[PDB]
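Q: Single-letter residue listing:
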Amino acid sequence: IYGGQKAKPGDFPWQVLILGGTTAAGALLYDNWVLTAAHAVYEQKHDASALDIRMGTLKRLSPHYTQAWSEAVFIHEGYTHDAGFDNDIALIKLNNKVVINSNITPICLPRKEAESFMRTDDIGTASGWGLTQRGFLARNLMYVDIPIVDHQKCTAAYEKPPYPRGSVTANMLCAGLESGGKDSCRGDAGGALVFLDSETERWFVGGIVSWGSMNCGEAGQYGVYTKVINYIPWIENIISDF
Amino acid sequence: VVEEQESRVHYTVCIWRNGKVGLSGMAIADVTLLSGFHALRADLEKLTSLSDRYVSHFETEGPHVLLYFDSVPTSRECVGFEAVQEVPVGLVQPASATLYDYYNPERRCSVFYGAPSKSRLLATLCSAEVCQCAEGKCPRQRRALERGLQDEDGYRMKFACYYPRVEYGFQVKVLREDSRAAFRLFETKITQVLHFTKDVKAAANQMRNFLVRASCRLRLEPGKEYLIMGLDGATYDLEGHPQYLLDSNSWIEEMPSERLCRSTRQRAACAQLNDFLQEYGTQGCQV
Amino acid sequence: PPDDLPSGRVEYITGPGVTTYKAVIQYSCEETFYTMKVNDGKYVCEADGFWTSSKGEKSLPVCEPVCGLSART
Amino acid sequence: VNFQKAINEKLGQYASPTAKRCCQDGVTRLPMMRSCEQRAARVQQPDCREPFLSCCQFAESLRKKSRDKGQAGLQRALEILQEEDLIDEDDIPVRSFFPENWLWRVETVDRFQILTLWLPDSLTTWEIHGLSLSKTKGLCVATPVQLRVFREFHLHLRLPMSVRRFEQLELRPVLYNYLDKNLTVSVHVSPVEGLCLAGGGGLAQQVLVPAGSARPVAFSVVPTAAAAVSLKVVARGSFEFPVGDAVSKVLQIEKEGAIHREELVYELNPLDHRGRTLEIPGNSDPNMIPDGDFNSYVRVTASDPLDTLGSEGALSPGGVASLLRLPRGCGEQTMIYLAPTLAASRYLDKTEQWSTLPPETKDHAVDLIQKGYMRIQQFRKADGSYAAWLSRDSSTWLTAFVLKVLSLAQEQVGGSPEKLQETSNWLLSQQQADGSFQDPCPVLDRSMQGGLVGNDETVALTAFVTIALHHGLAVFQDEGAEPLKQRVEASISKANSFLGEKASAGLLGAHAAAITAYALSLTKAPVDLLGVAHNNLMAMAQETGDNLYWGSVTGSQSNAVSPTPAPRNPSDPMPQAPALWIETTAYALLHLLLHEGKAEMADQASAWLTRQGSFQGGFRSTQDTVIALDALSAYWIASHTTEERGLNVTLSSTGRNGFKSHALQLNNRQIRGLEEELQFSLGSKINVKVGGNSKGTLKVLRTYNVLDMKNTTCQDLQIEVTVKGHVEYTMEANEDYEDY
Ligand SMILES: *[C@@H]1O[C@H](CO)[C@@H](O[C@@H]2O[C@H](CO)[C@@H](O[C@@H]3O[C@H](CO)[C@@H](O)[C@H](O)[C@@H]3O)[C@H](O)[C@H]2NC(C)=O)[C@H](O)[C@H]1NC(C)=O
Ligand SMILES: *[C@@H]1O[C@H](CO)[C@@H](O[C@@H]2O[C@H](CO)[C@@H](O[C@@H]3O[C@H](CO)[C@@H](O)[C@H](O)[C@@H]3O)[C@H](O)[C@H]2NC(C)=O)[C@H](O)[C@H]1NC(C)=O
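Sequence lines, in order, name chains J, C, I and B. So for the first sequence, PDB author numbering puts the first residue at 445; every next one is plus one. So for the second sequence, PDB author numbering puts the first residue at 1458; every next one is plus one. So for the third sequence, PDB author numbering puts the first residue at 368; every next one is plus one. So for the fourth sequence, PDB author numbering puts the first residue at 681; every next one is plus one.
Read the hints as simulated data drawn from the structure, not as lab findings. We put the beta carbon where it would ideally sit given N, CA and C, even for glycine. Watch out, some of these pointers could steer you wrong.
Stated by the list, open to error - Quick partial rundown of chain C residues pointing at chain J, CB under 8 Å, derived from the structure:
hint : residue
1    : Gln-1462
2    : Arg-1465
3    : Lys-1575
4    : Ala-1580
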């Protein structure tokens, strides 16, 4: 997380750290599934237990953590690992059920009526261990509170100058300040863009950290997140059948 | 080769000498690598070719890494190198490493080392049907008074006297579990003796050692009392008593508690167990 | 004895450790972090020797994780 | 890119190639994470340390500042990658391995001839050359003809070198398709016992292999056997395509524990009634792993000289180097191909016993000596000295050992007497004013536990050089008789004066006194020094039973009893002495043969050496082996007789395969080795009944796997091995922790 502050115990009990060929993050679903980005996990996708999955801790360098082992990795078939992040979503199945406790609770899947909380300019939260404002990976968990950006306003800010055409798509949502300074960065991919359901006082993930400007937090550039609600039947079909 | 996602680890070998006896002299560090791994040749040359003299020579013939040290220091001196697994091997067993004075091989030191904790190398890689084949040599795991799908009436007597025909039958209480190289050791105390062959003067309050391979999924928790019967092994412990290996020809079953045995469902089954123990413990297999 | 519940506890309503006919036990998943499904966990010892729920089922309840629950103010 | 420019810019600050090399070593990242200043303190030249430290500090600072920044892209994930390495300005590595030259031959061709040949596999096309030699028409060079070998479809199987049983193994045969068409292949592993395999072996798996591509196939297997299994992967193309290939390889599967070796030797003496019947208790080690079905191997011999130096001993095709069973990478170890082979030839030459062995042994002997000469000459320095390792400092001790051995071997290997004359001249330049020789980096130290190390080392080194210089006198002819031979003889006399006063002054160690006695006996020292050195050595002798040896005092356990070599019993095994004792008594035995000849002290000493040898060949290590075999060969020449002495021995044991009993006829004429050793059960005791008119030797080897090490294994030396995963180690390498 770029330009944020350090989280305290219990703030993000669904945060998952994933280590393999890439440094990435994830969000726990139920007690045996991890929600993350497809581009971050496609590396070593056919090796089931290749990923080092660590959760329930606030420090990346910590020797004490809760270990989880992956039984299988599911990548969305719509994703194309050439260039672009269309349909950037992946589900990781954990071999053993996680011990839900004070520092480990899953994030809720978004309801179909939860878009009343994902409105433009409303505040959302992103969290993860990424490149900080000083230029190095975070030694402890960081987070930002950022507002959602209009889809038309986000599309206009991309495809130029260096970005390829069709980078923004209907499966995405955006967030970030107009002036920059609050954004995700390299290492936060798969992290959960969470929103507060004030009617139930519960948190749910609405976006998955995907891509953005190569220069993190640049003014006039916004972070792009994979929208979860489009894949709710796809998530339920994999969890129920596999 | 290409891709395949190879497994890589990093070694660290430290040597030092306590006391001034056997001072200096050329010593050889013999490291037996874990199964499937071979030491990376590139990093090994950095120990000898650089201006830093961390080793004088190295040989990589076989699964062994031979390191030539000119002298063994009093304070720790450590050498590290990468190792890469060519063919994936899971459930890896610990291996030995040995440091010895070349011209005085009586001064030596051998030690075991294992894979890093919470590493995927300790997890299995067997396919579903292969795992079922793998435990064909492993002891059967059952809770108290549990009936198998093929266990017809009189199954305990059939196991003891027909097949695999038990040679020793004990009733022990598990005291403590120790982890040895590729084996788990359970220190037990015998509470009742049913039959024995090689283990003469086996009695109550006598202590024995029961071992099982690390691959098998059986675990004997301390504080519980088990019925154990099988065939006597060939090894002995520190006091001279024989040791026992638990495999597919061994019958292990935790004995039911008083509260569970008088339950309506298990009362009939608990009677079969005690009737068998009195029958076999008194008259043996002379049916 | 009642079958232990994953991520849950069992409470004797009738009396300490009484498991005989018509005795009542109350299952409970670990509070806050878990919630119970299928049934509400009230079980009574039936005449056939099986613990039966209020609905008449002989199998255990299931505890389900409660998602969300952040410590932010 | 930016890292390469900055490092090369730092290298540009040093113009000298010495400074550049010291700087280039600094920027190279050590495998283990040692601190830069801590690492820089090791280099031995301060003029090299100053640029090494500056470049190492700049490289680490630059590498950590640039760390975590690389791999730019629109993605928000971060690839884990190791730290950038300097791309060397040294020469690039051109390929150096090529398939061996098959069809390298010469054939008698009359007018014309056709050769049926089987083509080795490869992807590179090769050309065949030819030379015709005719007595009447002369030489002719044939024009090259091309032969292109190619593969339509290739199966490649890899398996580990060593696998413990019950380890989960996923073997990955790779299907290589060179055809321009997509190919569907049916692959399967043939069923074989001892392997838990999918479908019990022979489970077909359909794999599509694209054109010009490779596809690994995953099979799961776990070995349950304890020996070795040959597994065969079969691949066959479906449809009407005849493509297909099969690979069969042997997978070595080992037992769970770690190998433990127990070697005990027993004296066979039927002359006394106490040795006619003896019992071997077997093994009952508490650390031995269960199962396994281990065996105990027994070697009974009454023909000790021929078994040690014959076709089954020092003159084996692989020589004693394969019997000693230690790595021989060092330079001194090269003489294990030379000094034992030379001693074996000396025994057979002086006893005229070559006719008994097969005649190919002489070819084995000259091959071993030429192999040692060819290897040891790689360590020769420009000035005639020898170094322990290549590009290492010269060792005075090793230079002496080479001269002592290569002086005898140069005639049969085609050596140069001029080079050995150059070698001895360098040794003479190392003699100090006192007459002692000095080594700036000796290979052996040995003299430990016992104090006064400088006195023992200088005397033992001086005596070792003089023994080497005396053997070097055999090289000289008429050319060096006046200029060089007079210098060497004067140098030996000057050093003998140093050894003479140190022997007369006394207080020398047992090892230093033994080599001094042989030095003053090989060289014809004056009778006063020759006698006092013998009397000084005999005062340190230890005698028990019919054995005579020289040992060392390992302090005292507070107030302890004095008679240390008191216990002895022919029914008990002979304790294996340390290497220092073997080398000391070997020099004393060599001194005894020259001073007194074949005597009762020579018999008692040599009988101890004969009963101190290891199971399958040598002694404790290389240095003690070459000197003990040199001493025993000299004794066996002196004590050789034509009598048919032998013994009768009967061994029996109740093993797991029933009661087995063997009755053996042993005598001096036999050659008994590996093929004659007996097999008994590891746990079962063995009963031996001996009878005859001569003494013998019985050795037992018990090797088994243990699940734990002894509690007294690591009293002095210590070794600790740890291993970490790559992701855990790399993040720990780039770690900035306990700070901010
Ligand atoms: C022989 O094997 C090759 C490699 O597996 C097969 O190539 C694959 O062919 C399919 C069909 O043409 C390609 O899918 C198509 O890709 C284009 C873009 O190139 C897209 O516009 C289409 O909608 C469709 O998705 C596929 O990409 C290609 N594989 C790769 C790696 O590019 C080939 O088809 C095989 N031959 C036969 C006769 O099936
Ligand atoms: C080791 O044992 C063998 C026999 O197991 C000994 O060979 C035996 O030697 C004796 C004396 O030389 C031979 O005695 C002869 O026996 C015949 C038959 O009774 C008799 O007619 C002769 O007058 C003479 O007494 C005996 O034949 C011979 N055994 C065999 C099978 O040839 C051998 O001497 C023993 N060696 C040692 C070193 O103890």
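Q: Was the hint right that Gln-1462/C lines chain J, CB cutoff 8 Å?
A: holds (5 Å)
Q: The hint names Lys-1575/C as touching chain J; please verify it with the least Cβ-Cβ distance against 8 Å.
A: holds (5 Å)
Q: Under 8 Å, Cβ to Cβ, is where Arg-1465/C needs to be relative to chain J, so tell me if that hint holds or is violated.
A: violated (11 Å)
Q: Are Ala-1580/C and chain J close enough, Cβ to Cβ, to be under 8 Å, as the hint says?
A: With Cβ-Cβ at 6 Å, under 8 Å, it holds.
Checked against the numbered hints given earlier, this structure breaks only hint 2.
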